[PDB]
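A lone chain, given as structure tokens: the form deposited with its partner chain bound.
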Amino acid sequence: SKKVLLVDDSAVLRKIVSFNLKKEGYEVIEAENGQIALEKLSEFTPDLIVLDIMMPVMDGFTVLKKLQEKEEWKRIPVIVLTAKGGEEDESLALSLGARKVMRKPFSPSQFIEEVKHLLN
């Protein structure tokens, strides 16, 4: 029933995060890059977005930025899940509207705890 837009350029990463999300009964739509993600928002409005930073075509900082430029989007919570480990990368993502930033490698169980907290 709850719908998550999962945005990452690694198929390997998407598979494992989609597996843990569907374990909870969530529905998953995949985007391979940030532009594809923004195009998917015309088909639907997800209850949550899981967002990578480093992606070809359109990165995650740019996604976050544009998400704040439409009003239907600007309110969908976003959890950023990224190999980017700097405090300044985190601050920037938060300043751009992300609700939470988690750094890869990640614990799948901690990640699902945080996904739940944003969906409740």
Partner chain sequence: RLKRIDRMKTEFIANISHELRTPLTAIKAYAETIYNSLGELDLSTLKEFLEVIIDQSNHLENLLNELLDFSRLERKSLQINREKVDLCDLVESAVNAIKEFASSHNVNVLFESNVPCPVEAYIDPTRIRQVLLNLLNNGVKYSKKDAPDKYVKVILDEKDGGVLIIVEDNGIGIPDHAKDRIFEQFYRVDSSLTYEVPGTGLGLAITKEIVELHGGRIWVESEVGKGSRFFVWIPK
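For the two forms, the rigid core is made up of the largest set of C-alpha atoms that agree within 1.5 Å on superposition. Numbering follows the first chain given and starts at 1. What changes on going to the form solved without its partner chain:
Among the candidates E30, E27, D47, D89, the CA atom that moves 2 angstroms or more between the two forms after core superposition belongs to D89 alone.
In the core-superposed comparison between the two forms, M58 has its Cα shifted by at least 2 Å.
Having seen the form deposited with its partner chain bound, please provide the structure of the form solved without its partner chain.
What comes next is one chain alone, with no partners or other molecules.
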């Protein structure tokens, strides 16, 4: 049973993504911010990370960078949830090598197909 680390400060979007993940049979570990996420990562290794980088990005990039620096984490697939005007940050996320972007207006089906694609 794959486990997904959901890093999202938006409780409303977070609840939506979490529900859709659980519906597909995934275990969901939530983190409200980058600091909490990195703390949980010291204790486990998820199969996938979903990072919301809506502006202000806060510490979203700090997390994406730290995942790239660690041998144990650099291989974990990552999906970033992007927004309009964050074109700068998106090019980055794709060039702080994720893996993949997923916009809003949000589409649960679009999101889940990308999750299934990465976990395969």
